[PDB]
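Read off the chains here:
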Amino acid sequence: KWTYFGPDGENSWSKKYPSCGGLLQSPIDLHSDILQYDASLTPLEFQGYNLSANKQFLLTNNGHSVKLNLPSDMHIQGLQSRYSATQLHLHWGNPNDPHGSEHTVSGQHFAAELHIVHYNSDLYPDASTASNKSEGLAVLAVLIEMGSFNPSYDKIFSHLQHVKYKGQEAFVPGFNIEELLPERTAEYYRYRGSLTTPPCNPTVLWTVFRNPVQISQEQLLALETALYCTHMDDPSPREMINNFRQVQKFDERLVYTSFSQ
Amino acid sequence: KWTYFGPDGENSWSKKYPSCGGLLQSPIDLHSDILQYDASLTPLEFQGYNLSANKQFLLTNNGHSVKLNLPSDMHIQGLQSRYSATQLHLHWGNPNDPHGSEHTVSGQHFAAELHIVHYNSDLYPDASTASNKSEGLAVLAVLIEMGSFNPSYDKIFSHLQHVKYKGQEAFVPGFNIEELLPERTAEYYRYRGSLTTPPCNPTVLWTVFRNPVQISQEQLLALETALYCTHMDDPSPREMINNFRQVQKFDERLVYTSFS
Ligand SMILES: NS(=O)(=O)c1cc(-c2ccccc2)cc(-c2ccccc2)c1
Ligand SMILES: NS(=O)(=O)c1cc(-c2ccccc2)cc(-c2ccccc2)c1
Ligand SMILES: [Zn+2]
Ligand SMILES: [Zn+2]
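In the order they appear, the protein sequences are chains A and B. All residue numbers for the first sequence refer to full-length UniProt numbering, where the first residue is 31 and numbers rise by one. All residue numbers for the second sequence refer to full-length UniProt numbering, where the first residue is 31 and numbers rise by one.
No lab work stands behind these hints, which were simulated from the structure alone. Keep in mind that the hints are not guaranteed to be accurate.
To be verified - Simulated pairs of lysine to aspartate or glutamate, DMTMM-like, Cα-Cα distance not exceeding 20 Å:
hint, chain 1, residue 1, chain 2, residue 2
1, A, 194, A, 263
2, A, 196, A, 281
3, A, 97, A, 184
4, A, 279, B, 127
5, A, 45, B, 38
6, A, 46, B, 38
Said to hold, decoys possible - Here are a few chain A residues that face chain B, going by a calculated C-beta distance under 7 Å:
hint, residue
7, 41
8, 42
9, 46
10, 127
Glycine included, C-beta positions come from ideal geometry on N, C-alpha and C.
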């Protein structure tokens, strides 16, 4: 058991989850001193991202985030191996401090962050197995700011009412997951890091897109106010807010960028 | 023991030092969504900070920072209790990333930070006794940025080449400590937090001055490259760099400001 607040919060994760105290931890602050342009970072292609509206995908409150289960026929192409999707989920702040992305840029948080988790399906049968292995996982990170209403994000947010409490789940119809990606996906930061939640395994190839997507203030408030970290019958209900880890030390790492600036 | 890098680094402190995973942890990011003006925050007076040039004070490389021992007649006036000085020390980054202040302001690190540690001498016999007790400690924090050469800071820095390894010590002729402070000490942030190193006791009244001081890039580079965490005889030396703790969550609480 672990949380983002109080005694079982992030400084205590390493007690039961020793990788959380190890090297190569995520997230990090992206700032000029540790960035280096790498022209070998070519564009990714997203395959199988247009999920059938006639199929259903499980949306779940796992007590730490809201997560949508994704099929293994969604793939990234462009890394050394092909990686297939397993799930996506979000991180956010709170109505009075609406700045809860995990990665920061030049010390500034965005409003929220989406993570789309993939695993090396060339080598491993599933994400559980891959999660233990070197470069077993690849995660795409989309930084979220306040802006215009985003119809594609509402294909998640409009369903939060059904998964208010920990352990609640609802099937939702497929939609085009590519619509959650920002413009100019060719522009990104790349580094070797970790899961940002326990067990914090240092097995993740990170791709953080340079350009944020926009969602409306009403959308963001819905995300920040709809969910609880606790079971429906828990006697000490806790809102699901500020579910992001603080940035970690660099540990001599550089972040490579597919752009110069 | 404890370190700032590897398996004994800050995410592992709580395993041996459980207050590192408890309440009221420092340092924090000083931003507007958590600030609040409060009129009771009047100018601190710095008494006995003009150290006698006829005394000498011990500079030690403790393996985690460089620290100068201070005399207990040096004290802060203006708080509910009297706080008496025990030591000062610094925190910094590294040549590749020279931004290693502990506190940040609107997400921004400064180059380095100075901490002048005092103990509540009204309540407690010594710093040792005070550190884990109620209202035991008050720390002054000065944020350091690059700029003009600073002779005041050189009174310390000039000795760096003599304390390069863990457990090495050197003597420093008394000088005026108030020269290490910025101008306009009247403007400062104030909050209850913790030691930023193990055992992370939540017993510190922080004052972080609004205004930074300046040191030259030659001075900053000396600080970042002069010292080791390890003993001289060590097969695998470790440079003393990035000796700052990451900022902590600070939720539903308030930093009070003496200014607006
Ligand atoms: N924040 S993340 O991108 O590093 C991440 C990845 C995976 C993950 C999932 C499947 C296989 C492998 C890794 C799970 C989570 C997670 C979020 C909330 C609660 C528990 C776990 C978070
Ligand atoms: N960074 S700090 O201000 O919160 C701090 C205060 C004190 C401290 C010292 C004496 C009495 C009471 C508190 C000691 C250190 C320290 C730095 C390096 C190694 C070990 C300890 C750090
Ligand atoms: Zn995540
Ligand atoms: Zn300190």
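Structure-based check of all given hints:
1. 194/A to 263/A: Judged against 20 Å, a Cα distance of about 12 Å means the pair holds.
2. 196/A to 281/A: violated, 35 Å
3. 97/A to 184/A: Within the cut-off at roughly 14 Å; holds.
4. 279/A to 127/B: holds, 11 Å
5. 45/A to 38/B: holds, 12 Å
6. 46/A to 38/B: Roughly 15 Å between the alpha carbons, so the hint for residue 46/A and residue 38/B holds.
7. 41: holds, 4 Å
8. 42: holds, 4 Å
9. 46: violated, 10 Å
10. 127: holds, 5 Å
Of the numbered hints given earlier, the model fails hints 2, 9; all others are met.
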